[PDB]
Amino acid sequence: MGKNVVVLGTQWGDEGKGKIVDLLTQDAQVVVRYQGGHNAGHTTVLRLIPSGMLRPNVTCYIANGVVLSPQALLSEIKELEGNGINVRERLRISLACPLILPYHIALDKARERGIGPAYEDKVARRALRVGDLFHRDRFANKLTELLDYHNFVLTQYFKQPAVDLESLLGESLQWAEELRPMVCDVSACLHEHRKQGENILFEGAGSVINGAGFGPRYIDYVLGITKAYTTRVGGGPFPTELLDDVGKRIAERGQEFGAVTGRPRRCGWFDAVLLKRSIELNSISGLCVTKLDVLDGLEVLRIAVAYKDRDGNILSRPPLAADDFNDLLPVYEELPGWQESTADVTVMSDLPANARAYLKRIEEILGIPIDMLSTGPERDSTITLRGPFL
């Protein structure tokens, strides 16, 4: 009776998913984080707590696939609680979530935020988990025995400072009593929600299957949040990158700047080769296109529809290995731009004809529909052609 929807970004991040996830929570009773750690979040800066915590009817789940720093989580809980939110009644946390602890962060540093080494412990069948907080004897004996190895690696191998065991025990003294009312078998709860016919939103940041204990055939719709152009933060291959004045104008209109560093992001044309792979890997049902108004006023637009490698071969998907992008170039289609503003448009027919043709061409190339268009920051500044939960 209910519908189970996955929402994820389709490019390299910064697709503008925050406003869209918030909009979708209007139709969900349940919101689930199932992967990742504390990496990026909607605006307080919430990195671990799922998005629907503001809506009073929504239950929020941190499922077993999330690795979490408990002090990071309690700090978010207290920050929300200070703003009055009854967080503890509506937040639920898997007993199976592996913990991110100071030795994980230290390992990351010596190699160069703790997320990787936490997943490493899990794969090695040695990770401390939320459930271990409730067996304080086991928590201390595993923590001590884990530190014997990690501190050895940290000091005898990387010549970096150790993580003190006693101080970690002192820091963890309150964690069990603080988390206790919220811990549970999250997969069981999700399947009970599914049985009751409630709408469940899986908020992408490990798949839904393993990360939430939720079989693939129960997923009804995968929404891919997709920016009308492409951005990158890190270095490395970016075939549609613009190093010119159009790229600079996209950066300014899109406010494409690091929220912490202030460094401009790399900007470029829409890349349908990248999107083809994202669609296949995630069986994406439809797209939500964001920031279309950034392109308002450009004379021409380009869309990369293929890649041509160094040998001149035509590629329909990005190559697997990063070194294979060396001497690789995009194959572009050209579409005419528009001059009228598309900002805050609320009905498709109000868009200029060339904006609608741009959106139609993306649909034709990718073979899936654009079911949502975001034209500005407000919630009602969205066109929904087909609702993910309908």
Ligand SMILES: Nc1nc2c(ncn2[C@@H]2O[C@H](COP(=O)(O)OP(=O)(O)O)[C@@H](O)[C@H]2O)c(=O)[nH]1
Given for the second form:
Protein chains: 2
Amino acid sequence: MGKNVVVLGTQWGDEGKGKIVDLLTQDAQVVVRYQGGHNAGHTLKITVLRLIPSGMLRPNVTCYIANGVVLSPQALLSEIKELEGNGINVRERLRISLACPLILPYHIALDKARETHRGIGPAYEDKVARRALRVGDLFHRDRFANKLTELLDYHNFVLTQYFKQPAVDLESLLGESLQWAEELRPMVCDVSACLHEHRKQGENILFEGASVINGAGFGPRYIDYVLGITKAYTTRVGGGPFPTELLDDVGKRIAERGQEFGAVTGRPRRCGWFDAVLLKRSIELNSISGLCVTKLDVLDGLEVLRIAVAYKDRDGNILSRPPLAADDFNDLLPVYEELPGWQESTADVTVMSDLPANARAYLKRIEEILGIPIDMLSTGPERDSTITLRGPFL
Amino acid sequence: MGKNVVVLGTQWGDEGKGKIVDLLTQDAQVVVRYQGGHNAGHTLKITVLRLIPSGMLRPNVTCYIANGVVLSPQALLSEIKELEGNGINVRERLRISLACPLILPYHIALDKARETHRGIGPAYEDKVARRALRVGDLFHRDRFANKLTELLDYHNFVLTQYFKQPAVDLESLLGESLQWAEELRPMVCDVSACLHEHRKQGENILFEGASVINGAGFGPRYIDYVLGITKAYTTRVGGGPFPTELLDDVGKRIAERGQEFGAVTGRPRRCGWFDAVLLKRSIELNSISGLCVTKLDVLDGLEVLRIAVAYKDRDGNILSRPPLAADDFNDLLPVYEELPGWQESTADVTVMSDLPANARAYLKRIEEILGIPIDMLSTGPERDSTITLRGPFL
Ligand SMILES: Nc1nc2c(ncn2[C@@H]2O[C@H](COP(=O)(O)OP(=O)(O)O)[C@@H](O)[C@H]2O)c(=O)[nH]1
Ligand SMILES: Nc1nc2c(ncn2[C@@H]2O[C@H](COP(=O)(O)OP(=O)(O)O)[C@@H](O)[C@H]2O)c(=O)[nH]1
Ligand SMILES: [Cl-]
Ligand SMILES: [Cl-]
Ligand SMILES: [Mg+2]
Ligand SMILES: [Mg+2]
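Write the structure block of the form solved in complex with the named molecule for the protein whose form deposited without the named molecule appears above.
Time for the whole complex; same chain goes first.
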């Protein structure tokens, strides 16, 4: 019997999940995308993949895009064709749920009309409202066209009347969708049934978070281990509350050493100390089994490190979890523990005993505070600069 | 340490879940509603409850309405006041997530406008579109009013312009919402944090399905047992595919003995044989641990029983799971096994060894086919006409 592993980030993104997933695919026979869309990409060896799991570059791996993914058919076909150019037999090992909702031009438009008071949101809205076109509809061209015209009679009304923005042309959408069914046909399937047959065959399955139960049709007690990818410090891209934010020379050093810059904008990310209050909530929500702590090497050379172990709100109440309401972060302050840093390099160290004593004590304290083990550790950007203390597929 | 149990029906509703949940609450210190709304009710002793869990009638139980529930504030307050009339101290033991989306008059209207080409759907639509008013907004009356007027500027446009139906009056909605904050205030909280503190205290928690992970903020590996409430035959209320449907005197007998009539309409439900193809998919999707088979007594006196173990599609392909697409049920037929019935009464039998041999063989075969145990069995409508072979909280 195999093991079923979910991998997700525990903070506010940018936790270094890509190379950890790539490493874990050496042990998986099956990799599953079950949530999200094509918002964030992953760069690897040959090419950026946003919908196709990176397990595709292992010859034995079957990759699944499960029903919880909303997909733009043209974004998917471009990724496919790109990998086909590099000589990957994609269509033999990529499988796509017939129940994926499509992201179409009008979803993107409603996104744009609303931003000025990538379609993923409006697509999920159509799905919840029981009106979304799906992959399976491509195979009934009569129904696809009927439902598309009828959906466009509404979304175009909303776009031009309410938002005073341009409509989406029905005829050009039918024209662009002409080849989608034939392009996707050999890959479409009942993904959940496939996953349960793999489970029956004892194969290892990796669920790659961009929930599993609804998004892949895969019940919760079959999940054997949840790996929480957790950077050794915290970053944030957007505005809003950041209790451990560093606005000084230490934060600037972290940003530089960790290359914490927007991949498209070049804008530096906000940086701050490790925040265990944030992590406690992530562990509870996701029943995280163990952590993969990443970018330890970025902290080399700091004289002291801090860990936020509580928050103190405006009244001086001590909080062990982040407040639900963003109002409560006003006049809210972190409560820190202080640990000594290390001067020795941890870059690309691959055995725990080669780490400096203060680095191991930092990691041990995170384990003590959070109550779950650090089962993996990344000490560099290279896939193999990774210590596996306990394998998630054990 | 306690156990965390999810209870759900495995078929198309009407599986007899109410009295099983009531029985299980004797072992739970905490009962959680995490999905759905006030669509279906449960009748019990003193009164129909649609939002408040029936654990409220046990003095030690804390009841939670978690963030995944969309709630009409006036429907909730009426249930509360009703139970208060029967002298239940509701407000001390009922807890409500600040993050529940509200169901408001305009949601119901959009329901009505769409049916003619109870608001639960449009409320979830608002939530997905990141625009839903929530319980927590009642406590910022300035923001509640600002967001309500702005939301109504849209939903009223859609109602009158698109659907040519009446608008919803903003001022009367503000008037009706005037007392909601003060009414709900002592009960509102961070439900997920509460559930994890109960979990830490080792208390038994019952999740009552009307998912758990998102709807209650409660990670999948903390779920210890999923109980699948499973009627000994199948019923359906709506139209559409029903492969084991019985259109004869046997189905009519089942309908009568099982009182299979719409609680409001009086219309008889469609009845049919036990369908293990349906059940296999339910078990996979929900990782069901064990079954509670209900209404065994309804089958007393039948000469033969059938169980659908596969489907045969139009081409004669043999299917082990129901097809995803409703098209594929056209010219689709069940594949049956036949078992002998029993003449002896099973009504209110409470020890397995008092059951007739053919009844135990029927149940054993369902276990063999489905590969999970029958851990509970209901033989009558009374809460205690129930055999517990293995307790879910074990
Ligand atoms: N210094 C350092 N960089 C890392 C580490 N892990 C990942 N990175 C880098 O951090 C960035 C984000 O990691 P990843 O999610 O794997 O890449 P992405 O999927 O392309 O965003 C990439 O530029 C990685 O090379 C690590 O432990 N140390
Ligand atoms: N004959 C019979 N009736 C049952 C059994 N279990 C439940 N019922 C009845 O079936 C109906 C549905 O059960 P339940 O879900 O507990 O009640 P509800 O929540 O009020 O819909 C009710 O009228 C119950 O009394 C059983 O094993 N045998
Ligand atoms: Cl699927
Ligand atoms: Cl909550
Ligand atoms: Mg990353
Ligand atoms: Mg019922």
